[PDB]
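Report on the structure given below.
With one protein chain held back, the other chains of the complex are shown just where they sit.
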Amino acid sequence: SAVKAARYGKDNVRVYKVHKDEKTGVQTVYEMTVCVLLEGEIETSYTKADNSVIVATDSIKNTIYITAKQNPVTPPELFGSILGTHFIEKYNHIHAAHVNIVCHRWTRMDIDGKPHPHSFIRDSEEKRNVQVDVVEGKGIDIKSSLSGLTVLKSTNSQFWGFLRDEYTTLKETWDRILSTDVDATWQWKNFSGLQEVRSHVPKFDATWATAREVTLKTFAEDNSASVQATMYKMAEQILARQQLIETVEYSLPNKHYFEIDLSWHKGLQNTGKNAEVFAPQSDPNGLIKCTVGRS
Amino acid sequence: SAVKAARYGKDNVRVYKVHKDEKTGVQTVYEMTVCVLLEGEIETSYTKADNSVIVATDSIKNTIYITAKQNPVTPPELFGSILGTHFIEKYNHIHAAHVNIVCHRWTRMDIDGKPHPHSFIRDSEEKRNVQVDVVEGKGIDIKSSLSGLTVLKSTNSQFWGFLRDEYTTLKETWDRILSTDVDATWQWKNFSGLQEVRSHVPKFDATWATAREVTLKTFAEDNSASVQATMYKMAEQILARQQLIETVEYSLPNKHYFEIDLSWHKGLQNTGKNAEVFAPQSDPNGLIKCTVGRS
Amino acid sequence: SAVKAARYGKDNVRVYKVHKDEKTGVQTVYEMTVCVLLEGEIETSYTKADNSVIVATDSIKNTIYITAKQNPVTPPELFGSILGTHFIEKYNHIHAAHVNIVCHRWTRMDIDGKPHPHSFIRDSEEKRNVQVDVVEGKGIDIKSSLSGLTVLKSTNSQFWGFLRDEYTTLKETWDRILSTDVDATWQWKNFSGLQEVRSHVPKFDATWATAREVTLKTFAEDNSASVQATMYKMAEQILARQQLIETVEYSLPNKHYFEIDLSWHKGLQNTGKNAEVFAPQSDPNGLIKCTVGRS
Partner (left out) sequence: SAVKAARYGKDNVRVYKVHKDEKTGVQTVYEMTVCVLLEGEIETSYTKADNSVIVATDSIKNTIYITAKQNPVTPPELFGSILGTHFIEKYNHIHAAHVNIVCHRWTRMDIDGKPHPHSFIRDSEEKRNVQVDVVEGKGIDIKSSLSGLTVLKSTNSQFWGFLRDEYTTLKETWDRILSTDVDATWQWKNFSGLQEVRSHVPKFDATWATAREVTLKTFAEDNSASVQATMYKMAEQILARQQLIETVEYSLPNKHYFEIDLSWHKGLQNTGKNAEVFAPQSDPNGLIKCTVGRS
């Protein structure tokens, strides 16, 4: 038999970093979870029990901490590029590094209208993520994303005009609840290496911010024809506002809220325009995906 | 053998309610998860296969929706009291109702600095909870709580002066990270029944707010001697600000962030005053509990 | 204000122990998760910032490992008693120790019909648990339990004869699916101390085994009138087979499987006696509890 593909590394490496301003006394914290997987001339560790080609995953973990000690950890797109570049420059037989980072929220607390210098709150479970692929002789590919952004609108969602055949029982509607957990990814144009990534550093936070804002405002303002239609609108705007983005992908569940017919009880009216109490459904859920690119 | 205790009901009943202002066009949503357990003269369902004494848990679920249709669902302390009172008044053989409610966050979105009329965000996984016990001839006992409030301060926590013996390896410190997930419960004085609960309705939201504020400000401002000392300070204030509270209980994990010694690598200095990169620990964790009452 | 109650300690302490038979070469492993909470004359750590009364939770963790090194870790009822007794004997101001243990399954693998000497499988997520309360001058109270035992029977469950009023929509049935996750606790008579617990050591594993067997056989053989009726039958048997048990408690969800009406499609018959495809419901669920004691 033959090794067709192989990668190995360390997952679930939790990292905290604090930045302390002597001058102001203000502290700023960063917490992430890191995955690093390596590819290279390592097939003999699998086939021949040759561990000489293995950079121990324990050493990978060490490297993550040391790199965080010696470099900025923000924006995550920069830190991931620095970490992956290290592995391929450092080891002659390692030719690709795959770095995934999840950035956890630590939002500064405001106490008495004043931001506190060293106290933070996890204000949501929403994440900011990066996937960075560093490949010898092919540059640095970065996919940035937000995930875990949970939203609901209580009206101004519609779904009518869909295919109707003998498998269909769903009624057309002109007014429903729409709720989802947003997963949005923007894929950057290939970068030639670290210098190029460093030259674009301000764009990373700005674009994350823009993707978030557009996502929020479009969801809230669109009188949605369907999940499909609304998510296309978000993707189009982001592409229009950042030219270094090649594609935008969205993955949106439809988390259903069902009406409850209470007419069996004292003629109680709780459907259609009288609908006030609903049953949120844990499963199943619609799942709608789109990848939008440039024309 | 003999039935010493028995309760039965329905758990994990998810409920959504929307309120719509004709006038303004503003919509407001509520989402909760409800548990209702009943006690009474029901032992023969266990011992004799007598189902006649059983109010089907399916009917309990129905009752939850109908009650939500016909009554306010906020504050949860009121809605739980109304729901539990129903069961004991309605069924002659049911003498206690236990209602647990978890209130989920749906915070109105602000778009362009303007609050949106019908779009919401789950801005955190923090919950507002109530436990309501309705007991025939003994009134209504309510425990209110907040849970899932996750915080961190990066300095102004200490821990020195603890017992040292042959089981001790922990070093005293005058500067550490302190992070926790706050669970805080305030127990109301017994209420005689629904009228009394309705007369105090404005106090429920106000007290939740106060408990939250005090928790936040004390955590941020206290130069903490230990988790014990800091949580006592929070409990004392809440009791001072709401006289209808008999006790306050706190349950606080200590989620450890460990220093990482990097001196083995190029003499890198990452401990004590040079500590910048830390390893968050998933387990084990300290767990500190306090119940504070009136003197 | 005043401290009404206080306890503190360490949670989520994971422990592995291996036992190695020189003679046979057979190895046996144990893995548990331990919680230890202490009570005593410790109020001044809360009120006065007096850490001198605090046995650091870090030291508690150390103590757990050392105790496991020097004593048997099985049965968990014995190990918990030894651990809690340590704290109250060792520290003059500590008067109660609360030890919770979760025992994780590592079942020996059989390879080629032969049990392997050192390879194991987590054959299920079912747990064996103990809660041990060690109180100065009041002995040792032990509650043993099994949890996470998930079962289903596809027929020979009934539910008819329940209360019917204007909140009822559930139809009586003489044939349904019954599925649950078993939580069963047996509470031992108070023990005077460690000697007494050691004298009963063989009974702990035997009784766990009996509780499991009875639970399984009764669920499978009872033509169940309801969850109530069936669980009473299990509790009664266990009490009959172990006299040192004072009470048995069961907590059983009813995890509903709903019929699906497919008659709207080509007159397809999938209800009642033609019911073949069902929709498992994630929520809500019935919840039925019983505590059975001696007459």
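As written, the chains take the letters A, B and C, and residue 1 is the first residue of each chain.
The working rule: a contact is a pair of C-beta atoms (placed from the backbone, for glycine too) under 8 Å apart; a residue touches a chain by one contact, two chains touch by 3 or more.
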{"item": "Chain not shown, its touching partners among those shown", "value": "A, B, C"}
{"item": "Of A:61, A:116 or A:127, the one touching the omitted chain in the full complex", "value": "A:61"}
{"item": "Touching residue (missing chain; options C:2, C:5, C:152 or C:209)", "value": "C:152"}
{"item": "Among B:167, B:191 or B:232, the residue in touch with the chain that has been omitted", "value": "B:167"}
{"item": "Per the touch definition above, residue among C:2, C:121 or C:209 touching the missing chain", "value": "C:121"}
{"item": "Contacts of chain A with the absent chain, listed as residue ranges", "value": "1-14, 35, 37, 42, 45-47, 49-59, 61-63, 66, 91, 159-163, 165, 167-170, 225-229, 231-232, 235-236, 239-240, 247, 253-254, 283-295"}
{"item": "Missing-partner contacts on chain C, residue numbers", "value": "14-19, 27, 29, 31, 62, 65-66, 68-70, 106, 109, 111-112, 116, 118-125, 149-156, 177, 216-217, 219-221, 257, 260, 262, 265, 268, 270, 275-280, 282"}
{"item": "Chain B, residues in touch with the chain not shown (by the definition above)", "value": "166-167, 169, 264-266, 282-283"}
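One rule holds in what follows: only the chains that are shown with their structure count from here on.
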{"item": "Euclidean distance of C-alpha centroids - chain B vs chain C, Å", "value": "25"}
{"item": "Rounded Å distance, chain A centre to chain C centre (Cα mean)", "value": "38"}
{"item": "Sequence positions of chain B contacting 2 or more other chains", "value": "14, 62, 66"}
